[PDB]
Each structure stands twice: as structure tokens, then as C-alpha cells.
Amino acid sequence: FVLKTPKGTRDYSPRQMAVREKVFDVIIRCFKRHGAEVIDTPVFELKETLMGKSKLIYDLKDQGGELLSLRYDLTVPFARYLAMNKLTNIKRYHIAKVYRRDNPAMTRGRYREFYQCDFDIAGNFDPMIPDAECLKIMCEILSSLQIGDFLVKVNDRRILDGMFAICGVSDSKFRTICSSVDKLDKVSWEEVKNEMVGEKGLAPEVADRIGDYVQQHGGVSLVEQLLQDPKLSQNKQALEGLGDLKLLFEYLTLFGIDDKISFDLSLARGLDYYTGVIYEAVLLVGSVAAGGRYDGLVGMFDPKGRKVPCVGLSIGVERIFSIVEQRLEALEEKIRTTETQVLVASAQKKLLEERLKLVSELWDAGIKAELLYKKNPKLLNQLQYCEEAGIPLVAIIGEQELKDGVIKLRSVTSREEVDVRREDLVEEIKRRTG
């Protein structure tokens, strides 16, 4: 029996937490800015509230009561939440850990306990207004994370269904083809079309009309050409998604995100799920944030079986975590794990108690202070501490520096001292720091 965290899990270190924290803040400063409420749900649900999912699910023992299972997702509790409270409309974010008993990467990428960060807008509203706001939030959050330049790929579920019908894919073969054509952003058409014909058995004449569509991508100028596409122009499903997309584009221009988006017919994911728009944000590579509209899901716990038209986004905080901490190992830099702002020190040999008086004073003034938990600390060791923890200042008490009612404030980085009076010390610290 080794001391270890269970297969697929991980402790968050003080360094990692410090990085994880600055990411969440930016993400939450944005959600709050859009007037979103927040809910929280328990870690486990009734074992069978989660039926109708892949059964890569942590199930608890019996141990007495009923059968239970750790949440593999945030949205099933969400749909349980809206039903247990009889809500037809809400705007929430929810940040918590989900549990999928899958095989942990060693390269890496995948964990069994990982953060999920979702934002949602449930309810019946005018067409694409809540759909357009979700894009604005991503681009706000991503741009504010300072992690490089990004693009948002956009597509509609109906344009997919219509395109595959008018091109001629069988419904039973419909969805391994989506799973295939979705690989276009990591691979090439040649290989897609090739993997394809070997595994599907589509007519090569079905594979290559798909290619004339899915290989295309661009802006609104594309959604207008696709309307002019004669065979698409008489597919009812394709015409809706195209309509809903032209409108969606018009709103983004008003948001000033018009160019940070690309309509990409190759995008085809989460089809158990999305019924309208589908979103995915990529860096400039890798999938960093997703989302879209899913109207037939949240209401699937309602008595009379009422739809709850819902749109929303998820953010790959786990991926963004890794990027930030390497962009802080890029400068090979100490991430500050504390917010300590002053260290009460002394060079003399019996002043321990006089320090304690000063720290509580600093504390009760709302200043983040600290002292070494020893009776006669040497000033050299005291300073290394600050240098290590990135503490900006040191407050040195001396006997003949106590006598005149003052305190020595030595800046750790500039090594410069200046005598400050007890009355002005806290003011000085609150100015030499934010």
C-alpha cells in the first residue's frame, strides 16, 4: 500500500492553486458582469437519476441507504434542479468537479476528477439574442486571460442534418460520418475522405459532395452563398439554421466580435445534445471552449414533458490551467503562493513580544502581515524568507528604533530602509502596496 492519490486524481499544490485562482476570477468577473446567478448541486445523485447517459460512472456502495453515483456531468443536476424547483427560465454559472471513470492520460490531458465550468441561459426568449450573448462572454473571458489569439468556430445542427440528407448519407450511418468529418481541424480532407471510404462504404459519390461543403469555411459571406446554393435552398432544415446563423452574425457585429468568429461546416460535435448552434474556440492549436443550444434536454425531467429552450457554453479550464502555469514557467518565475505584504522583524535578541504587538496592530488594520514563529530570529534568515515568498517589505524593530516611536521599513528588493513613525506606518504600507 503506497501513499498515493487514487488512479486518475491529483492534489492541487499552493503554486497550482495560485494559478487556478487567477483564472477563475477572470472567468467569474465576466459571468457576474452579465448578471448571472449561481447554483450548486451535491457531488453525488441518486444512482438512477443519471440513467440514460456510457456508464463510466462512479457508483457508491449500499452501506445502508439507497444507491448513489458521483455526478459525471453538471447538466443533469441542472435539469433536475429546474424540475425540482419548477423553473422555466434561469441564467446560471456552475463551477465544480465531475467524475468520469475513464482511463487517465500519461502524456497527458485526461483526469478522472476534473473541473467543469458551465454557463447557461434557459427559457423561452426571442430567437438568437441569448445565443449571441454566449459568444460575447467567451471572447471576453478568453481575451482577458492573456493566453494568445483565438478563433471561434460556429455551425448549426440543422445545417448538418440537411446537408447530409441532400448529399445522401443514411441516417443509421449519419453519425459516424459526423464523428469522421469533425476530424477535419486536426487532419486533412484526403485522410478524412480516405479513413471514410474504407470504413463507411459510402458511395465515393456521397463522400465527395460532402467534401464540396465541409471543406468550406468563412464569415457571413459564406452563409449568404449557402442560401444561394440551389439544392440547399430547398432543404427546410438547412434553411432554418442558415437563417438563424445570418441573424446570429448580425448581432455579433453589434457586439464587436464579428471577426473573431468563423462559420465552419466541418464542426460536428455533441449531437446527442445540441439542436441549434454549436460553438468551439481554438487557439492560434487545441480545443479550449465549447457550447451551443440544446432545447430538448433540460425539460426531460418535467412531468408533462415541456421543453426548456437552453443555450450555454463550457470552458476548458483544465486546459487553460496548464497554459497559464507554463506561461509562468516560461519566465521561469516564482508564482506567489501567498499575499503577504509585510514581515515584522527584529535584529535584537529579546524583542519577540514587542513584535507580536505590532503584527496584531497591522492585522487589525486589515494589513496582511506575518512573523517568524521563533523567539530570537536572525535578520539574515528573516530576509531570505521574504525573498523566497516574494514579500515586498520588512518592518524591523530595534531597541533604539523602538525608543523614538518608529519602525524600520526595509524594501526587500531595493534593500533600502526608511524610518516610519508608528502612526504613519500602516498608511505607508498601504501606499507601498495596493
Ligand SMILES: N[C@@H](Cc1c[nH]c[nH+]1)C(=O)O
Second form
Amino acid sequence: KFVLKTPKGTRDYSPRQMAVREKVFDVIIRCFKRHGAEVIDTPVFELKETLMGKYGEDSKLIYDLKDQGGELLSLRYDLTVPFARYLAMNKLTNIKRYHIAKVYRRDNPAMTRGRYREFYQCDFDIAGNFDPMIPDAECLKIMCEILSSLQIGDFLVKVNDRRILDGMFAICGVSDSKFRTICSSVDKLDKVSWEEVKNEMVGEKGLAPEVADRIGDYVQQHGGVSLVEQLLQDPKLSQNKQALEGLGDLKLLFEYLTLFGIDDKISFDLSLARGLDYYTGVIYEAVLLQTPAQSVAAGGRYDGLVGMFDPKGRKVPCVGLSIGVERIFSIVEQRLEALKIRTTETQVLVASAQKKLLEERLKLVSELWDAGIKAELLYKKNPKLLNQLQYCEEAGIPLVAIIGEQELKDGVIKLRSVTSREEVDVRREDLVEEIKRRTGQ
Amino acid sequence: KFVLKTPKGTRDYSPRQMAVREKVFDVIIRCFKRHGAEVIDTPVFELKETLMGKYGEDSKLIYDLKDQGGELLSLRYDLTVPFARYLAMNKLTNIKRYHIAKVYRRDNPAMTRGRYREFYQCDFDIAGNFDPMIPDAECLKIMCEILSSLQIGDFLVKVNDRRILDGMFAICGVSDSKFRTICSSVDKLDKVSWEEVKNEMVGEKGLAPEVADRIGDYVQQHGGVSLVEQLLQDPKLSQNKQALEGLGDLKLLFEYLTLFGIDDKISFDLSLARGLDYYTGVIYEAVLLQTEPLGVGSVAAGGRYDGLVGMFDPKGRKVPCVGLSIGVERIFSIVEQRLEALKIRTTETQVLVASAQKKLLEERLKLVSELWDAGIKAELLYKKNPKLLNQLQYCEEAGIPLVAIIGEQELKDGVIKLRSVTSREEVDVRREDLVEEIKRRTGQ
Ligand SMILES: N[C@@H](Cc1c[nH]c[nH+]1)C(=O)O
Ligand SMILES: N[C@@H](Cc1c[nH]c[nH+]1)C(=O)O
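Would you generate the structure of this protein in the form solved in complex with the ligand, following the form solved without the ligand above?
Let's see the whole complex now, leading with the same chain.
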């Protein structure tokens, strides 16, 4: 019952999958850099106490390391808490960073295909005291740039504010003590019925039926900027100062989103409440829409988190986003299967048909390596030429440099195109340039 | 008091440290690709049983995950054992891959500076049944290409074979019982004197003086190919078949190393024995030399390990493998110290959209978004009415070369004042031309 296997909910990345990974990360990183972000990295684990008391009910899904006599450690559940720890530890107030790394969650979803316990997040976060809603709006612009550039079909970004959500709960009659647990039930509305949620709130979490009904009247609503204006003219909700400020900030957000040319991509949705306790202002999730045949990014503002870490409680406003690339890898692979990607970049194979020429091949391949050319040879004393061409056909190697007794005497090499099969004599001094000229370089 | 802290022996990477990291990895990866390697990645943990019984006495330094009801898991101690597992699980016999990732070891060294429990390894490994010593020789070529290209001073690569080493103890009269404990004492010769080791073998590990002396006659020796020929003509050692084969393979190795133009960088050193149990043929460590040069400590290592995939395969089928790993943690310090000797940026922003007047935030957001859409790397200060002086100071510190200044009159006229942060010269530029003009000034 030892079996060769990766741990439950984790996968290797094959060369083919790594090719796709690099392509997706390249689009994402090009965008993060375009917005002037620094990059950092943190250890894979933190102290156990670092991650406790931050996430909410999801804290039950953290991987702990064994108590081996030393410190109690835990694998990072996301990149944001480590970011807040980095800020506080270094006493920083202002930084704009991106971070691309794996995170660790003991999930148990119904779909067990793919990497559901160890998966990459691509984060971008702006920390600092700035004027209202500008960095918030930029985060939404970054999401839309990226999702558009990846070309993974049409998408929509749902938006809300935790102040609106919690103020709406107050008007409906939810006590302040239940804001987190009721907000948690509303987060399930993307997977379950309203009836199933309503029953959870009444039967299990102890709400009254009447107030759950009232929550439904708001939660079902979604639209654009006109909905914000509507709710500002709402008689009941306008009397809540908390909600009033959140709505006022979303009004400002939509002004900036329009100037960024992405107001058409945003849905103000009152059912959106994120899964994590630390959000204080805006929150958002992007979802892919279906074209006829048949969440991919998320984030928000979290102004309290660095304060929990600072010795003297000093706060540092932060807003950010994270892109879930695991779904995207499947989609991008399916696009390429629809249109043969290589997993090496070898430009040439040094080869020979005759015997007793391994030494000369090693000389030549090394010469090429020293000139920066991507070169290989078969690890054989006297390989057959047919096998050498087959190795190239399968790898996608475009050229073969063939050595023979006579060619060494003459100071040339036979250069054959793997795809056309045409062969040309090339002077050994010219070989490097000729290879570069043929392979894009 | 709650303590803000990274776990013992681990560090963050600052933006500045990441810039250095990218520079080093870029040299390394350019070389791995040049040799036609595929790339893979594996999870950070394996099953606990995957890593047990492979490394030797070092197995006592593995990080285990908590038993939380499910499987027993462990953080990877290196990249080679996961590689062997990848091969066996997928039933592969032939693959040439590189892998750059962090590894996890509960070390306790005297020096506590830096990342000593979580650190990167850059591995390259060739698996397959091939003709003798060709892939082995290529691994050594890769080490020398890389260490030269990083420009971290002069270096030397020590080389040996486990068959030579184990055959040599036998002729000196060490019982098969003690091969592991005596091999462990000889591994200390890169840090301590021969006398101190000899005293450890005699007094503490119970060896006879006469046989420890005999071990010294071999172990103290190091040189190039002539030493290999010397030992082949050795009357005692030539009678050991195991050692004879290892010497024969090193003879062949030096022939190929010469053709690769790196025979001058290799020292056949009999005092070299690596720390891991799984090596079967050649083994090697690279060490930086000081400015005979002495020897500062090791920066790359590897060898041939023909038994490891066999331990994983259900039916015991072996897959010969040879490889190397580059320890980049020492290299980061050296490369940083080189740059301190000669101001590296941590962003690539080409331009800051700016204004000196008030009521122009809207127009700045329009412009910066225009630029983003044209692929230009652009920023603005998150301020309604920022001061121009502060905007120029933000650029000076960040290394941003250009500032695009908007004013009421400039919008009317359809132009932008473009100012160079480093020269301080300002030119009017038509708004249509702005993207091209920025590109033309900041490369391409
Ligand atoms: N860390 C959050 C996303 C986020 C990034 N920045 C702010 N929020 C998550 O894991 O879903
Ligand atoms: N895994 C070895 C190095 C190695 C790579 N390939 C063969 N050996 C180490 O960490 O020391």
C-alpha cells in the first residue's frame, strides 16, 4: 500500500503544462509590471500564530506542520496575510507589489480533478494612505486587462462593499455579532439556492424568518451605476452611515472605471460577499460568462489587517486582487489542442552517419554551446542517422548538422533541414551565423 | 508579546533581492535550455514514505506535516528524489529535465545568517540508458558554463567515483561494516585536517593506525588525468574490480572533458565523498577558490545515481540517472556585493503621468489608461492635486526616466510636456506622438 502518487489535491506540472504555465504567467506579469509593481517572495510556511484569527471559518482548512520540538508552523493559506506580515515586520507604509506563488488549503470540493489543495495565486496589492478609490479602481483595471489579454472568452466582474453589506444586514435586523456568519451564508449563493441559504440562516444560524426575507429583497438585486444611485435614494438604507459611505465610494469608483474604459465590464451585485473576514471596503470577483456551448479572479480592500500585526496597532490601508490560474490553464491548453507546442528550444542536433566520430561531435556541440546556440547530440558512440532524424522530428528540432570524414577535411558541415529534408554544405566558420539566421535569432 | 518573524532559517526576498535572483536564474536557465532540457515542477510536499530510506543519516532533518487525519506528508528535502518518483510513477525511461525550486531541511549550522532551512536548488538531470560517460561529462560542462557566466570569481570542480572510494577502503583493510562511518569521516576533509580525521577514525571509530595511514596514502592525493593513470598502474588497487571500473570510467570522462575544453577545471580528488547515500558512479562538488588558491566552500554538486528509480518501480526496473544542482544562496550574496561595489531598479515604469495645476485628476486617469492600453508602463500618484516637486522625487527614487506633464493649455493645444527626469530637459510632444516618443526614448 505504498503507491506512487502525488498528495491528494496536488499535481506535478509536465513539460507541456509548464509551457502553458509560462505563457499565462507571461501575460500576467507583463501587466503587473506595466502598473509599476515591485515583486517579492515569502517562505512557504509562516508561524502558526501568524495565520490564525485572520481568515474566519476557513481557518479550519490550514495545513499545520508537525510539532518537531521547535516552532509551530503552518503552510500559507494565501498571499495576503504574508504580505501584511511583511509590511508590519519591516514597518512599511507604502508599497505596491506583485507575488506569484503556490498556496495551501485542505479543501474537499465535489470536483476532485486538478490541483485543488495546492494551486498558484497571482497577486497584486497596493498598500498606503492615498486619495479615495484611485488604487481600488486600478486593481479592477488590472483584472480586466489580464482577463482580456489571456483571451479566455468573455467575463464579468461583480462588485460590492462590505460596509454596504453589513449596513444592509443592520437595516434588515441582523445584530452586529452575526455579520460574519450571515455574510458567510450569503457567499454560498454562487453554488446553492436562495431557499437553501435562507434555511441555513433561519434553522442553523438562528435568524428570524422575517429578517431573512428582508435580506433576500436586497441580495437578489444587481446592476450598474444606476443601482448605486437608486440605493442612495433608498429611505431605510440611507439612514445607515456605514452603508451610505460605501455607496458614496462606489459612486466614485464608477466615475474612475468609466475613465479607464471598463465601466461596461462591472456589475454592482449585492449577493457578493467574499469568503474571508478581513475585507473592509470594496470587494470583487470576476466570473467567466458562457458563450452558448457550455471564479477566476478575486480581491478587495482590507484596511485592518496590517493593524493586527503592528505592535502599536498602526493601520496601513491595502487593496488588492488575486488571479486563479488553475482554471485558466485548462482553457488555454484546450485552445492549443484546437489549433504542436515544443518543450525544448534546441535549434540543432549535431549528428553523423559514419562511425568513429563521437570525439568530433563533442567538439562541435561544445563549440556551439559556447556560441550560445541551443544544441544537442545523441549519447551514442555510433548512432544511426535515421534515429537522429527521428529524434528531431519528435522534438521539433529544425536543423541537423552532419559531420563526415570528408567534411572535416574540407572544413565544412552538411546542414540539413529536418522539415524540408534539403541539405546544404556550410563552412564551419559560418555555421553559428547560419543557424541563427534560420531559427529566428 | 507576539513576535513578527519568518520561521527559523527562512527569509523573505525583498524587491532588491528578487532583482538579483532573476539575474542569477536567468544565466542558469539560459544554460539549461541551451542543453535541450525540458522543465518540470512538483508539489512542495511528497508522501512521507516517498522520502524515507533514500538520503541516509540526513533523513533525520526532514520536515513532516501534521497528521490531520489524512495522509502522512513531508516537505521535499531535495529535487532528485521527487524526480525519481516522477519517472517511476509515469513509467519513463528517458528524460532530460531542469527544475528550479525551494527545498526544506531542518539544519542547525553554526552560522544562522541567511536562508539555511528553505533555499533554492537549480537542478539538471539526465535519465536513460546511454553510452558510458557522455551525459556525465555534459553535466560537468554545464557546471563550468554556469559558474563562469555568473562571474563570481575562479572555481574548481572536484571529482571522484563511489566505486573507487569503496574499493579503496577494502584494500586498506576496512571491513564492509564500516564503509558508511569511515566514508563519513573522509567527507570532513574539506573542513578539517587529515590528522584530525585520522584521529577520529582511530580513537573514536575504532580503526587501526596502520589502515588509517593506508587510507591517507590515497585520500591525500588529488590531481588530473595523470593520477587516474597512476592508480590504474597501482599494484594493490588494480586487483579490486569495483575500483578498476570506476577508474576506467574516469579515464573516459577526462577524454570527453578535454573535448569540451574544461579538463583544466577538474580535480580528481580522492578525499571527495558526497553526503547522500544514493550515488553509485561519479560524484562532484564545485568550490570557489580565493583571490595554489585555497578554497572557500562549495557552490554546486551532484553525481550518478543508478539505483534510485529502481527503489520506486514496482518491479525494480532501474533507470540510470546523472545530475547536478547549483546552490544559489551563496551566489546571491556575491552578486549583490558586486552591485553594491558599482543603483538597480525594482520597477520598469517608463513614465509618470503628472500635473502641476489643480482639478486635473480626471485627465491624468484618461492619459495613464491610454498608455496602459498602448503597452506603456505608466504610473500616477494617487492624489487629486499632487505637487510637481513630489512627482519628480517619486521618479528620482524609482528610477523612472520620463514625466508626462498635463496642464489646461496643453490639453487645449493637444500636446503634452515631456520631461526627462535625469537630464531635466522638457519638450512639447503632440499627444498622438506620445506613445511612439516614449518607446523611442526607453528602448525599442
Ligand atoms: N488573498 C485573497 C485575494 C486577495 C488578494 N488581495 C486582496 N485579496 C484570496 O486568497 O482570495
Ligand atoms: N539532490 C542532490 C544534488 C543532485 C542533483 N542530481 C544529483 N544530485 C543534493 O541536493 O545534494
